[PDB]
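Chemist: Spelled out from the first residue to the last, the chains are:
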Amino acid sequence: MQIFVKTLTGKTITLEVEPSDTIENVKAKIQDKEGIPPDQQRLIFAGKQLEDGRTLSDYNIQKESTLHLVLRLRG
Amino acid sequence: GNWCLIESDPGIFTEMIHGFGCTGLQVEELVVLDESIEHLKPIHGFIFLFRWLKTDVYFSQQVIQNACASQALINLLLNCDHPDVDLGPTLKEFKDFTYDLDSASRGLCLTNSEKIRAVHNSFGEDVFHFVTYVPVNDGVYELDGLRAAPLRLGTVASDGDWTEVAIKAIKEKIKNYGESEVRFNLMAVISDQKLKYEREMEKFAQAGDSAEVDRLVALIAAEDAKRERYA
Ligand SMILES: *NCCCC(=O)OC
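Heads up: the protein sequence lines correspond to chains B and A, in order.
Residue numbers are given in the authors' numbering: position 20 of the first sequence equals residue 20, and the series is strictly consecutive.
Mapping of the second sequence onto the authors' numbering: residues 4 to 57, 72 to 141, 157 to 263, in sequence order.
Careful, some of the hints might be misleading.
Unchecked claim - Pairs of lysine to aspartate or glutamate residues, derived as DMTMM-like cross-links and limited to a Cα-Cα distance of at most 25 Å, are as follows:
#1 A:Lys44 / A:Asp170
#2 A:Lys200 / A:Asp73
#3 B:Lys48 / A:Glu255
#4 B:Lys11 / A:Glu38
#5 A:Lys109 / A:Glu131
#6 B:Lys6 / A:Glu41
#7 B:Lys48 / A:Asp158
#8 B:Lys48 / B:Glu34
#9 A:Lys228 / A:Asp256
#10 B:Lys29 / A:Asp73
#11 B:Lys48 / A:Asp224
#12 B:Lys11 / A:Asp73
Claimed, not checked - Which bits of chain A does chain B cover? Going by a derived footprint, with three or more residues having C-beta under 8 Å, they are:
#13 9-15
#14 29-42
#15 95-108
Stated by the list, open to error - Examples of chain A residues toward chain B, derived with CB under 10 Å:
#16 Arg54
#17 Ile81
#18 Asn83
#19 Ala89
#20 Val136
#21 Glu213
#22 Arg215
#23 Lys258
Think of the hints as simulated: they come from the structure by calculation, not from any bench.
Every residue gets a Cβ at the ideal spot worked out from N, C-alpha and C, and that includes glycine.
This is chain B alone, in the form it adopts within the complex:
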């Protein structure tokens, strides 16, 4: 299925996932589409921070739910 990842800037990144996919897997997917490593990523689904090895279906995340990406960058 497809789900949407929104960013601070307003951009919307679309992903090919299945409800079985781990959060960590979704982060791997954001890398190849964007360039940002998993390290620098936190995913929020209204409105908890999501745990790396704990599945979309686990968080009740559907076909075309929208998630939010925030960045952990070393300044």
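Chain B is fixed; fit chain A with the ligand onto it per the hints.
Modeler: Here is chain A with the ligand on its own, set in the frame of chain B:
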């Protein structure tokens, strides 16, 4: 080289503030730029992180590059003027001593503080930079530690929300990067929400309102769980 880099994480920044000896604040991460934060008021400042593309306002300029996280945060705190907020002895003594020093000399003094260097390092080629936004009297200022002076972005009030000016400046800064650049982070420095709920809870307790006390317990528990996930 003797200062580590610091991750753009609202939990780390909340702890750095406390580490510097300042009480009454916390840091909240912003997730969208249209996020209404009316409920987070007062907002004491913003901390903004982006990729570096190479008299009433307190401001220090950096003389070391890797200090930018602590320096941006301190530039924000030393412009805070609020009953909610106590800077603590370390930061008050720093501000008093450096009151008539030029901006780069302030950076030097900050850099030589052992307490500040200690706190900073206890939390740690594209370069990512932190800058601060803060209101002072009727102006709104961007405090970029690479510049020699604060940058006035605009004027505010009477009705005014100062945050509109800052957010406008930040959006327009984002419009300078590839429409595909997404590596930014925005945090707001706000009053301690747990402390706010505990004050209200003790008042409703005194008023005999069990229902409101329980709901405040729920808010507090929610706040604690959120703080724990940031750990
Ligand atoms: N994030 C560490 C410091 C970088 C900075 O000062 O960029 C100019």
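Chemist: Decide, hint by hint, whether the structure agrees.
Modeler: Now the hints, each set against the structure:
no.: 1; hint: A:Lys44 / A:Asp170; verdict: 17 Å, holds
no.: 2; hint: A:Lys200 / A:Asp73; verdict: 23 Å, holds
no.: 3; hint: B:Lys48 / A:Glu255; verdict: 12 Å, holds
no.: 4; hint: B:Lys11 / A:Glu38; verdict: 15 Å, holds
no.: 5; hint: A:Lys109 / A:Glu131; verdict: 15 Å, holds
no.: 6; hint: B:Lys6 / A:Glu41; verdict: 22 Å, holds
no.: 7; hint: B:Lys48 / A:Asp158; verdict: 30 Å, violated
no.: 8; hint: B:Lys48 / B:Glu34; verdict: 23 Å, holds
no.: 9; hint: A:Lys228 / A:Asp256; verdict: 13 Å, holds
no.: 10; hint: B:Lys29 / A:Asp73; verdict: 48 Å, violated
no.: 11; hint: B:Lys48 / A:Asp224; verdict: 20 Å, holds
no.: 12; hint: B:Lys11 / A:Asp73; verdict: 38 Å, violated
no.: 13; hint: 9-15; verdict: holds (count 4)
no.: 14; hint: 29-42; verdict: holds (count 5)
no.: 15; hint: 95-108; verdict: violated (count 0)
no.: 16; hint: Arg54; verdict: 9 Å, holds
no.: 17; hint: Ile81; verdict: 13 Å, violated
no.: 18; hint: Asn83; verdict: 9 Å, holds
no.: 19; hint: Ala89; verdict: 8 Å, holds
no.: 20; hint: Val136; verdict: 16 Å, violated
no.: 21; hint: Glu213; verdict: 7 Å, holds
no.: 22; hint: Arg215; verdict: 6 Å, holds
no.: 23; hint: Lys258; verdict: 8 Å, holds
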